[PDB]
Amino acid sequence: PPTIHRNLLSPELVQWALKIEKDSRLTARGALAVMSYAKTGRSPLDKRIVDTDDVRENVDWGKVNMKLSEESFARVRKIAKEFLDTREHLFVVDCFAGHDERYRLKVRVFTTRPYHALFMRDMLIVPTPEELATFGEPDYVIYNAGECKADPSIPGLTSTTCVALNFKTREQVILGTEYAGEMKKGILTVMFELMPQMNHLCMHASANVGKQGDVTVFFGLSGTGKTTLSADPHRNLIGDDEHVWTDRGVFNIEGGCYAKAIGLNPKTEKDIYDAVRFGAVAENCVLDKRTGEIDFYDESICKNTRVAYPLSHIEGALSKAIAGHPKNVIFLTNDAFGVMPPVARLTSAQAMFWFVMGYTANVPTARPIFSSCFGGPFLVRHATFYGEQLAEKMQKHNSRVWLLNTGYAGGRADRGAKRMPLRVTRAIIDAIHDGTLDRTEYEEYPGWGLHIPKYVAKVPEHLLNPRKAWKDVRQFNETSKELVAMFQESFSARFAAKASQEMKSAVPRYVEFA
Amino acid sequence: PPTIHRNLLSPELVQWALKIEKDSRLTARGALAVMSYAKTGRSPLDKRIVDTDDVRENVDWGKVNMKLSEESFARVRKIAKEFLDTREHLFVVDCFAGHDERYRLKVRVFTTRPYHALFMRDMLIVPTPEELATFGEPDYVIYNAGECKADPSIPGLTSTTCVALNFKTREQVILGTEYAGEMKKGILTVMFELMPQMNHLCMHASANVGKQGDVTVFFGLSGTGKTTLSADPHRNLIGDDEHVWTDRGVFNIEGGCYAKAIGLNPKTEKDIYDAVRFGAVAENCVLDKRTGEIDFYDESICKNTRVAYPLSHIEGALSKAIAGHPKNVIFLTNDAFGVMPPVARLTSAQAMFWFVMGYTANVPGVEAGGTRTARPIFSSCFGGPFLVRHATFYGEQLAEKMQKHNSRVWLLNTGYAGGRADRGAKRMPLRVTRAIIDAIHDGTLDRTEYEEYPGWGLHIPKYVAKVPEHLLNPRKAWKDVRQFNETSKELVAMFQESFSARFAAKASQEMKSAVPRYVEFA
Numbered sequence: 002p003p004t005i006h007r008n009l010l011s012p013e014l015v016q017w018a019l020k021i022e023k024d025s026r027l028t029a030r031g032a033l034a035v036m037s038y039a040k041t042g043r044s045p046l047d048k049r050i051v052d053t054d055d056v057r058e059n060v061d062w063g064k065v066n067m068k069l070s071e072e073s074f075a076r077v078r079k080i081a082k083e084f085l086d087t088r089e090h091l092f093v094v095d096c097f098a099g100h101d102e103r104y105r106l107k108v109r110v111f112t113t114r115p116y117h118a119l120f121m122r123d124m125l126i127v128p129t130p131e132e133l134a135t136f137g138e139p140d141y142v143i144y145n146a147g148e149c150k151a152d153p154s155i156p157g158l159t160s161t162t163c164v165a166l167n168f169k170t171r172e173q174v175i176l177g178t179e180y181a182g183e184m185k186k187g188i189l190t191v192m193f194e195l196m197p198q199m200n201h202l203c204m205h206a207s208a209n210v211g212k213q214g215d216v217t218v219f220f221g222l223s224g225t226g227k228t229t230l231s232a233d234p235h236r237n238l239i240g241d242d243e244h245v246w247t248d249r250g251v252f253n254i255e256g257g258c259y260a261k262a263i264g265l266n267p268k269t270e271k272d273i274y275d276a277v278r279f280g281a282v283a284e285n286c287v288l289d290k291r292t293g294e295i296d297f298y299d300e301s302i303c304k305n306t307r308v309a310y311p312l313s314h315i316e317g318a319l320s321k322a323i324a325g326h327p328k329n330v331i332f333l334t335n336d337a338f339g340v341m342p343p344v345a346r347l348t349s350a351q352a353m354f355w356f357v358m359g360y361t362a363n364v365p374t375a376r377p378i379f380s381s382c383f384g385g386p387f388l389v390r391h392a393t394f395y396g397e398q399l400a401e402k403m404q405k406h407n408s409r410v411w412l413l414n415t416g417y418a419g420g421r422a423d424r425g426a427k428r429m430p431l432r433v434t435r436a437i438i439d440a441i442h443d444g445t446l447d448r449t450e451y452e453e454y455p456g457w458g459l460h461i462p463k464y465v466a467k468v469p470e471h472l473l474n475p476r477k478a479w480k481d482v483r484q485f486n487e488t489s490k491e492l493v494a495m496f497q498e499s500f501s502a503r504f505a506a507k508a509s510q511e512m513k514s515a516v517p518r519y520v521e522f523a
Numbered sequence: 002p003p004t005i006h007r008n009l010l011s012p013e014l015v016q017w018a019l020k021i022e023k024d025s026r027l028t029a030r031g032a033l034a035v036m037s038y039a040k041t042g043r044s045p046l047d048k049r050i051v052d053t054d055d056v057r058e059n060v061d062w063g064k065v066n067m068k069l070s071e072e073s074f075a076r077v078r079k080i081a082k083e084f085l086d087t088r089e090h091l092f093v094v095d096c097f098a099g100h101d102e103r104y105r106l107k108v109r110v111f112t113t114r115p116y117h118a119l120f121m122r123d124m125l126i127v128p129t130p131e132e133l134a135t136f137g138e139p140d141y142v143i144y145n146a147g148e149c150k151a152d153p154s155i156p157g158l159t160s161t162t163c164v165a166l167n168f169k170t171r172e173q174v175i176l177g178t179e180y181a182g183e184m185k186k187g188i189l190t191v192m193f194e195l196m197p198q199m200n201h202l203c204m205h206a207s208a209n210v211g212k213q214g215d216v217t218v219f220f221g222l223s224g225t226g227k228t229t230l231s232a233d234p235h236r237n238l239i240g241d242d243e244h245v246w247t248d249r250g251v252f253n254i255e256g257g258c259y260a261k262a263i264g265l266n267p268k269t270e271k272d273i274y275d276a277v278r279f280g281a282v283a284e285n286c287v288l289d290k291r292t293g294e295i296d297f298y299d300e301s302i303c304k305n306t307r308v309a310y311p312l313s314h315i316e317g318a319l320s321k322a323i324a325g326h327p328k329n330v331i332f333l334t335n336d337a338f339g340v341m342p343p344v345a346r347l348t349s350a351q352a353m354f355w356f357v358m359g360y361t362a363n364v365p366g367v368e369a370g371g372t373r374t375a376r377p378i379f380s381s382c383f384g385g386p387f388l389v390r391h392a393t394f395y396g397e398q399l400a401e402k403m404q405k406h407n408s409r410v411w412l413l414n415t416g417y418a419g420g421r422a423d424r425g426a427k428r429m430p431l432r433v434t435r436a437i438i439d440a441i442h443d444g445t446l447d448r449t450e451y452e453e454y455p456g457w458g459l460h461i462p463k464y465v466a467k468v469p470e471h472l473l474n475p476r477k478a479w480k481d482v483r484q485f486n487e488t489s490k491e492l493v494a495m496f497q498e499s500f501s502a503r504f505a506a507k508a509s510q511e512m513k514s515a516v517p518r519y520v521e522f523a
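Taken in order, these protein sequences are the chains called B and A.
For the first sequence, the positions run 2 to 365, 374 to 523 when PDB author numbering is used.
First residue of the second sequence: 2, per PDB author numbering; consecutive thereafter.
No lab work stands behind these hints, which were simulated from the structure alone.
Do not rely on the hints blindly, as some may be mistaken.
Cβ-Cβ distance ranges computed for the label pairs, FRET-style [as the list claims (entries may be wrong)]:
1. 64(B) to 131(A): 52 to 60 Å
2. 467(B) to 4(A): 57 to 65 Å
3. 138(B) to 291(A): 18 to 26 Å
4. 299(A) to 64(B): 39 to 47 Å
Even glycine gets a Cβ: it sits at the ideal position worked out from N, Cα and C.
With the rest of the complex left out, here is chain B:
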């Protein structure tokens, strides 16, 4: 029978990783460096939601949410359980998803790899000794048999990889993938269905709070600014990736951060760099033979290197990650075309439109994409469901909505354009937080109809209006026309049929610059 290790301490898990994970080792600072092998990212094509009666009607079935019969799920679960039950060592992690006790979920994770256990210990909330002793029945159970292949001949499967979520039995089965993110995003997906049931708004956004208690959330796909922008010298971090907006305010779903490790350095990201020490995990990163230090710029393994660390590793981060109702709501658009404004103040109507449209770009040359609510791969309900929730929330709490371009400026990424200066974006955020941006004068950005500021402290005027940043006005009109067309097609395919009056009027139009 397997030797079962229940809720081991971080140092104990590190010890186990070093012993049974062939390629795992310690960095000069004590972080646990490991590799996930074959899969170094999510496998959306292999994600499934079991087709159970309790949720079938609410699940937005399509490219992201794909059905799996209960019979097939039973088959993959059996494969996963038999694999787990036949390992020499089994690791169990009991934790909570959510910092607000009134809404948190009890989760139990079974892993075969010690680093996956450490990851979950770091990424979710660790229960107290008393809570563990009285944990009872978990709400959700994750069977991470990722080191084991699935049977691709099972009806519904398309490969040896399978990440299936059953809302009826409250179970996640992972096969054929050791990428730790699959567990974390599986929990996010669970939250994207349970919160709607409780009428709360799950958000694929980071968040922080100012000294005066003003909360700001930043929506966006991974690698588009959530982690770096929420890390503010003058603001306490609440979380860098996933939050829920309730009647009481917001709460971080996680107990840690799974940040992209690319380019981490003590100069421009001191706090995060310093967090990559003992107790933390380095996933698919390469270490320098000489010093045993991680080469954060080395992507020879993959372009999705990661580090995972508890929230406690970030100075200023809230011990209990909960805070008030968002004063400022930010949409991060990683615009590869370079036509989106550094910042635009959205009206209530535009907020709705831009939120559900989710225009941004996925990182690995940055591919443009429309991702519902800036979290398309994890949504369970239709984009409109969440859009309506946000509209109601922001209206009730008088939240200010902003659109920030974290992509390119002056041209197209595929033509060698330069990225929107991080310094400019931060300057804009400070202006949002200082209250000046909300009081300055605005001008309309033609065609798009976006309201851009005429002036912003520390920010160049030629940047505020994208048109001014482009050398060739002809190329600007051509690119703008192309993107507008993309917005129109996306909208016509996704929301037109049931769109409201305000929505249709928010669809951008092409206005050639005379």
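For chain B, the structure is supplied; the task is to place chain A on it using the hints.
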């Protein structure tokens, strides 16, 4: 036969310790927690200095320094090297002892236990890659075959434990003890002979420097305040245990700190407590089952729990641990009788007397075969177990140094007050001692009026900021004056006996006048 691992990185050594050291593990913060087993302290009774012509005439042979024939040293050395050569893994650590480059020693350490290697990597100075490439032949070699028993029948030995130092061949052999301190104190012993040869003063004291560059040294045996008091929020740490006073100032012999771990906590000693993390070692400490953090109050294994960390783990510690000439010289006396004043400013005459007399306490654990309770002791120059020359030799060096540099000498009671420890008295509040040191460094204590503490003849302050007046004079602190008189009388007799047995015959008139006398307070 063995796979030899040379100059590994800290993470590599930790990995090795976890793999081959059965009872080793990591603490909640990443420190390598290990056990030294049978020996959890030094074995002074098993310490030996080889009887070689080059040092025989200078070594103060006696109860501390005991001869070992060159032939017998060859025997233990053979046993050691044989053991080392037959292990599956051998660890080598090349390093420097001494931050002053004109006096530093190249040391090569051979160990079988990975933690002993990590220990020395932390405790001595790590050479630059360039220096390692041109390291060449080491000046001294330590063969730590501590996991292997010695042949007790070997002439000169009295047990299966042997810690021998040969100044001629420049080697230390360790057998029958896995206590890491044996290596550290071996190098200290070497310095206590090599420095005298260059007429520099080796000191069993910690040291730190102020913003203005003023250096302070604190003499004392382990567990009497050297580490605690040198870790000052307002001053940069130089070292916590071993320094040398040269013609240019002072230099730390070590590259880390081997601190007593008993009672460490983030409340009163945050800096030291925070240093116990990845890269550091915890020796004979017990971890809290549910927290994984060291239970710094647990002495179930021994009362000499330790932690070892690089000086780099202490914020503000000097990278190159060297500074100027001590402006203030402090003698720490862990007085269990509660009769020593919290602070006394010593005259030049008293300074020499108190230095060689070395009255303090021998805390439990540090050395083998002790009682779970602290015992008053007279340890020459506050470093008796490690001295090579006679106490008087070092005393004369200090007198000349302090005179030349106008150093101010202070005596601090880091033990008990208001009564005897064995009668339930409370220890000297750390707050008081810290306030006193602040007054020494602010220059106010040197400017206050002093009064004479009768019999002892010690000059005590009439006032010190943040210090209750009734504590400045031990007498006023005791509840029963009769009990105070009887205890002071007992301790005075102990001083007189020690002085007469050790220095009286050849003592100068000035030294003899420093001898305390009993004056009943009526």
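Status of each hint after checking the structure:
1. 64(B) to 131(A): 52 to 60 Å: Roughly 58 Å apart at Cβ, these two residues keep to the hinted range, so it holds.
2. 467(B) to 4(A): 57 to 65 Å: With Cβ atoms ~59 Å apart, the hint holds.
3. 138(B) to 291(A): 18 to 26 Å: holds (22 Å)
4. 299(A) to 64(B): 39 to 47 Å: violated (58 Å)
Violation of the numbered hints given earlier is confined to hint 4; every other hint is satisfied by the structure.
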